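Number of protein chains: 2
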Amino acid sequence: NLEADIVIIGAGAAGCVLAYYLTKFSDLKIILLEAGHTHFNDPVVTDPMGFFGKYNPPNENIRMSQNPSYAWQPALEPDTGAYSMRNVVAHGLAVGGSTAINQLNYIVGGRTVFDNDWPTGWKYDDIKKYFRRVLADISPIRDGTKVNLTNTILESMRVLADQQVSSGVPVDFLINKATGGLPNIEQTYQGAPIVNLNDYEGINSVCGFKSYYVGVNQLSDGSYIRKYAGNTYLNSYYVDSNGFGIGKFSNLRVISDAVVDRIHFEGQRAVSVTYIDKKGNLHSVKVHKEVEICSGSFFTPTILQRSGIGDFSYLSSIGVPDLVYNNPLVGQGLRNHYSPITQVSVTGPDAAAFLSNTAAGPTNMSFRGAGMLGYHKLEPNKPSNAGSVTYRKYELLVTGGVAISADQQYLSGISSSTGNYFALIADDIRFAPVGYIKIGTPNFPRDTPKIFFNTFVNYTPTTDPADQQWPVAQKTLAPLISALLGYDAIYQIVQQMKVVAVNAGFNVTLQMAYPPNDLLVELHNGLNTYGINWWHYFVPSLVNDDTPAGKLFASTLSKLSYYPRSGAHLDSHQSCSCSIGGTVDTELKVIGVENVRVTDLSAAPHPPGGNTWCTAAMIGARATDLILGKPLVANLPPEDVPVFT
Amino acid sequence: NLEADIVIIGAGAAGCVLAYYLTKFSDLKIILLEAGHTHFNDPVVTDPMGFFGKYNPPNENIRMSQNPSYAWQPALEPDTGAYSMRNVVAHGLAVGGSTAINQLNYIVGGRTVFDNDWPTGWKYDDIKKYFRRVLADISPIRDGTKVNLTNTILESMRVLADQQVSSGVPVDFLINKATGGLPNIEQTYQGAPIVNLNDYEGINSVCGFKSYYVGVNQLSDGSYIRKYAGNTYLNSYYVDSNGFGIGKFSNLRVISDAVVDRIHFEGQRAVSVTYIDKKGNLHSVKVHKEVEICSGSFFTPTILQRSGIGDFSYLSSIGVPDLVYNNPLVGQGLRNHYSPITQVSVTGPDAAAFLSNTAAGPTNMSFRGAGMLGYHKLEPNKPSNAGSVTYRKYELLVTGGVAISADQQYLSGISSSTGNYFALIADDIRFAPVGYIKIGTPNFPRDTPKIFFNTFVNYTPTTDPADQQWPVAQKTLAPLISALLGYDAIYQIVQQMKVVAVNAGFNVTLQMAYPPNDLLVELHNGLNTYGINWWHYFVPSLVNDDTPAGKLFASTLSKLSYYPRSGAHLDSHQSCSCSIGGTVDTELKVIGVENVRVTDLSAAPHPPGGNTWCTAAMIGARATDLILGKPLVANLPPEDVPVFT
Ligand SMILES: Cc1cc2nc3c(=O)[nH]c(=O)nc-3n(C[C@H](O)[C@H](O)[C@H](O)COP(=O)(O)OP(=O)(O)OC[C@H]3O[C@@H](n4cnc5c(N)ncnc54)[C@H](O)[C@@H]3O)c2cc1C
Ligand SMILES: Cc1cc2nc3c(=O)[nH]c(=O)nc-3n(C[C@H](O)[C@H](O)[C@H](O)COP(=O)(O)OP(=O)(O)OC[C@H]3O[C@@H](n4cnc5c(N)ncnc54)[C@H](O)[C@@H]3O)c2cc1C
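Chains as they are written, first to last, in the deposited numbering: chain B, 56 to 700; chain A, 56 to 700.
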């Protein structure tokens, strides 16, 4: 028997903060159901480099996100825009959730995304305190090793940002309007100050820096360890070995291996929750006040639909007997990021000194920069505010070795063994495609529901006059346009690096080796010779430009369209399944019911400006104050932090 | 309350026969738990062409094996031999199991596989009656439309089989030793008799025919319908709408949507089985005599391991509390088939007449032949009996259109729109690789367990002398050798077709367009100039043949090794997870327990000579007589068949 008045389902990035700070500041009885044990002893979780497979057995060399004993394994339906490939993108299965298996990065997101895309009450000035709270809770660190490649790249970026600042055009990709004429590029010399990307006031929307902030901490011995939600908020100092709380937190219960099925639900009010344990028995817990769903973006709409909230026609079709509320918007608007990869060759006799000091330590995890960039000059899909507000579009990442898939490694002829290649990535942060989630069987939580997500689709013309069917091709082709413009933005960095490396003491040469170089120079020339309407040549049957130059450009675009489909990576930043306004109101309460709330990343109405870990924790932190009634977390002094064991 | 003395889990190809003929011939109380409703009204299941997506909604065009509401969706761990790609291969989820979503083909398997690879009591003369039983139960039909391409191919096969019969070599791929000197190729002219591939006496181990036997039946209206296990054995004539039996079968209960978890198991004797229904409640059923597991190859070891039979150390590690029997061989020896694809171009002005009468009707489903072939002359991995017994190695299939993946369609430049291309496939029936299955969470039946299956791995040499490390490279390279020899066997058919099409009234030319033609002629020349030790050049660091010709051959082999990895298809013929001798004895009884048996395809000790649907039904049929005690099914007259509603 386990009656309690707050029941949280899932201890992820948001569940842990919620439980911890909700039992600290009140006397209600909190229950946390997670379905996964605590990996506080596993060397593959505590050690940061275990992310790269240092402790893997020889015969089962698979990463944690491919291990069914560490992660939920959802595979999406064939991708009609990527040659119908199905992708498996995972969720963490442990205390701490996906933060137990992630890359440990802290992009906070810009100021402008919250100011312009989130509803009132969620503007940036209303949430910055919670971001400060989560950052102070973790205390990330910076890179502990310098490298001259970062120097060369930073000089190149400032060199071309100088000419972008002039020329008067307003929406180039290195223009930050909160700083003014001077470029927002970190200085590169002895004793240079560090431009902080997650700054408090949100000044830096577009900036170039030399290091990220990764969530690890150094021990007195010398070893580094992971610092995740389950490490800080539910550790042996705050919770017993039996799951009971201790002292201040004695009003807290955590059940370890408890897979939750649905919400037994009297009238339109929640009254009980059932789950299954490792024994195989079914248990019921009684609810007095509130149910919180923090089960992740893929599996929150699933449990909501199984309970009875969703589309009545479909749910009746598959066989859900108990219907509650007819909201056909549950599980809509799924969003994600997407990172295409380019890689560059260095030609010379003694390039080793140029690529030295790049191996992955636990303080950077192979990230060496390099910045956040805004919209390209020639992208037609921009918000109207772009003239007066700087948005975040691309996240630039530089890494050693090759990062393409193994099949592409064979096909392109470039191998990971050689030592004159390095990778650049322009991750898309405002990715356009939208998908959705539905369940297929109303029995128990299934590992694979129906997930639909099509990215790089094409446009099939009609007999409509060309003048009035361009502005549907624009929307249908947005992602391909953005990926190609990212290719161009990376390409026009490398000759700047040529100049900088020449005048910094290096006899080296840099060229883009993947995709093929000529295929990129042709894109550069096509862009600068066709202007703002360059993208019309994606559909060659409407341009009516039958000249051989136009045919060349169209063929180049068609050939380039292959690379982002196959030689890229879909990220694991799922969100917005049950966003604000769609499924829940500003108070995180589900429409059509009076005592259930959803507070994980699946409630965000727009993805943040980068990696989506701070946002989920912030949502949980604000849910704490929403539930209790008055702001206690928002006013805690920053010197009060959870101690670590 | 549902006590009964026989409880079957899963109504697949073997569960339906077992339940039907076990309640017909006895008075025990039979219960069948399936976890899936009856699709007797769904047009996408009853109509054969619904397999190809005739009734699919426009926005969700996915086949039945990719639909989570029709199939279990297991994805295997990254394939170290295929550029680390994860493949999703499904199981049927309905009455009838995988036969509700399959291709409807009836390869029975040869005589020699059962005579040489299965234990005593399971030789061919001990089982042929049950194969006749299942075939008479279904009554498949042959192709209802002729085509001249089959004529040309059959002439070509007999032409080269004539010269293979001479030349005295004993193990070519068109030699059948049960017929003698004359070729075993169907005659090709007016009123020719039909050589039956599933013949009663098992004479035809290697034969060339013009049609397969697909499991459909024609109605009086004119429409064809699917004829599967759930259609024949559990239909409205034998089982009520409520799941009760009727009259003769009144001693039978079928529960529709019941997902089974584990076996509650007193002492070392089975006493109860628990399941979950669509309501979300957990039910228990009492067992008096027997439990049958017919849950498929992927999910039978899963339920056995969750119950408590398996490896104690690992099961304790993941958290199974109740341990029963320590058999570390549960879930070992997983086998499957594998089909690489080649495709051929026809060059000429009026090839349309040559490729006419090839569209897929419900009586062939785009299969137009062409035979079963034995070992190639130059394969080193052959059983010792191969001199005196003919084994089945390849299954040859001919089809219209292109059958490669969409990515390969783009890369190779060949498109499905054009009308001068057709596909050939040499499916490997004695596929060498072996994998295994383990569970990752002891809570509930998960859709994705750990499945390990690596196919086309490479050999890394050591400092061991070359003379005494060849016979480990042979075993490690068996699958690649077999695939390449299949490529060669297909290639040396097309010039025979050149001659036959010339002398049959056609001005057409045939050449292998995928893989590239020169890459195949070089393989042909390398084979005939390097002899039986041609495969030594897979590892170029040991041959010590530094001549440029040897370098050419090694490069050709390395380039050809890419095609079977990416341009092929893994089949859905899983088997042998709990085979005879490994997990169960000759009586299908699980070792370490006295009242549980497993009777689905996961009990086969060696895959059959072709498509694995007749074998599963045969196993169920023999289990019927094993359970009752005396042969009632083995002596039923062939004119007694289940009527159809
Ligand atoms: C491969 C990978 C890489 C990542 N890289 C980064 C990165 O570079 N930067 C970054 O900032 N973030 C990264 N992340 C993390 C990710 O971006 C966010 O942290 C994530 O969205 C956190 O959201 P969440 O806490 O709401 O969900 P989760 O953390 O996934 O919470 C899910 C929790 O709910 C539980 N649960 C689910 N279903 C049930 C059920 N039926 N019953 C009971 N419990 C249930 C699960 O066990 C788990 O504890 C990565 C994640 C992965 C997997
Ligand atoms: C895509 C595809 C193509 C195929 N093509 C061919 C072909 O060309 N030729 C051919 O001969 N065969 C074909 N097959 C069929 C296949 O080769 C065999 O018929 C199959 O191995 C049948 O084995 P089975 O009956 O033991 O397993 P299944 O038929 O898969 O039986 C599984 C049954 O167990 C049930 N079950 C599983 N787990 C549970 C659980 N926990 N609780 C309750 N019930 C459970 C499932 O609901 C299902 O009813 C194809 C199958 C597929 C999927």
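None of these hints come from the bench; they were simulated from the model. Cβ coordinates follow ideal geometry from the N, Cα and C atoms, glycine included. Hints are not guaranteed to be accurate.
[To be verified] Restraint-style ranges between C-beta atoms, simulated for each label pair: (1) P248(A) - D519(B): 55 to 61 Å; (2) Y110(B) - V512(A): 51 to 57 Å; (3) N690(A) - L57(B): 46 to 52 Å; (4) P383(A) - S296(B): 27 to 33 Å; (5) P225(A) - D97(B): 53 to 59 Å; (6) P435(B) - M104(A): 39 to 45 Å; (7) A441(A) - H338(B): 55 to 61 Å; (8) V512(A) - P383(B): 46 to 52 Å; (9) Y491(A) - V214(B): 34 to 40 Å; (10) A441(B) - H338(A): 28 to 34 Å; (11) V214(B) - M140(A): 38 to 44 Å; (12) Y491(A) - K334(B): 25 to 31 Å; (13) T531(A) - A247(B): 52 to 58 Å; (14) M140(A) - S296(B): 37 to 43 Å.
[Claimed, not checked] Far from chain A, by Cβ distances over 12 Å, these chain B residues were calculated: (15) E132; (16) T243; (17) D332; (18) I469; (19) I494; (20) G647.
[To be verified] Sample of chain A residues at the chain B side, in silico, Cβ under 8 Å: (21) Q121; (22) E132; (23) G136; (24) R317; (25) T329; (26) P376; (27) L378; (28) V379; (29) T496; (30) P497; (31) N498; (32) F499; (33) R501; (34) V512; (35) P516; (36) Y617.
Checked hints:
{"no.": "1", "hint": "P248(A) - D519(B): 55 to 61 Å", "in the structure": "60 Å, holds"}
{"no.": "2", "hint": "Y110(B) - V512(A): 51 to 57 Å", "in the structure": "23 Å, violated"}
{"no.": "3", "hint": "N690(A) - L57(B): 46 to 52 Å", "in the structure": "59 Å, violated"}
{"no.": "4", "hint": "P383(A) - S296(B): 27 to 33 Å", "in the structure": "31 Å, holds"}
{"no.": "5", "hint": "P225(A) - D97(B): 53 to 59 Å", "in the structure": "58 Å, holds"}
{"no.": "6", "hint": "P435(B) - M104(A): 39 to 45 Å", "in the structure": "44 Å, holds"}
{"no.": "7", "hint": "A441(A) - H338(B): 55 to 61 Å", "in the structure": "60 Å, holds"}
{"no.": "8", "hint": "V512(A) - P383(B): 46 to 52 Å", "in the structure": "49 Å, holds"}
{"no.": "9", "hint": "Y491(A) - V214(B): 34 to 40 Å", "in the structure": "57 Å, violated"}
{"no.": "10", "hint": "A441(B) - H338(A): 28 to 34 Å", "in the structure": "60 Å, violated"}
{"no.": "11", "hint": "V214(B) - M140(A): 38 to 44 Å", "in the structure": "42 Å, holds"}
{"no.": "12", "hint": "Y491(A) - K334(B): 25 to 31 Å", "in the structure": "26 Å, holds"}
{"no.": "13", "hint": "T531(A) - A247(B): 52 to 58 Å", "in the structure": "55 Å, holds"}
{"no.": "14", "hint": "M140(A) - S296(B): 37 to 43 Å", "in the structure": "42 Å, holds"}
{"no.": "15", "hint": "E132", "in the structure": "6 Å, violated"}
{"no.": "16", "hint": "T243", "in the structure": "39 Å, holds"}
{"no.": "17", "hint": "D332", "in the structure": "7 Å, violated"}
{"no.": "18", "hint": "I469", "in the structure": "15 Å, holds"}
{"no.": "19", "hint": "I494", "in the structure": "8 Å, violated"}
{"no.": "20", "hint": "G647", "in the structure": "20 Å, holds"}
{"no.": "21", "hint": "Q121", "in the structure": "6 Å, holds"}
{"no.": "22", "hint": "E132", "in the structure": "6 Å, holds"}
{"no.": "23", "hint": "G136", "in the structure": "11 Å, violated"}
{"no.": "24", "hint": "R317", "in the structure": "6 Å, holds"}
{"no.": "25", "hint": "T329", "in the structure": "7 Å, holds"}
{"no.": "26", "hint": "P376", "in the structure": "6 Å, holds"}
{"no.": "27", "hint": "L378", "in the structure": "13 Å, violated"}
{"no.": "28", "hint": "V379", "in the structure": "14 Å, violated"}
{"no.": "29", "hint": "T496", "in the structure": "7 Å, holds"}
{"no.": "30", "hint": "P497", "in the structure": "5 Å, holds"}
{"no.": "31", "hint": "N498", "in the structure": "5 Å, holds"}
{"no.": "32", "hint": "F499", "in the structure": "6 Å, holds"}
{"no.": "33", "hint": "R501", "in the structure": "6 Å, holds"}
{"no.": "34", "hint": "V512", "in the structure": "12 Å, violated"}
{"no.": "35", "hint": "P516", "in the structure": "17 Å, violated"}
{"no.": "36", "hint": "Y617", "in the structure": "7 Å, holds"}
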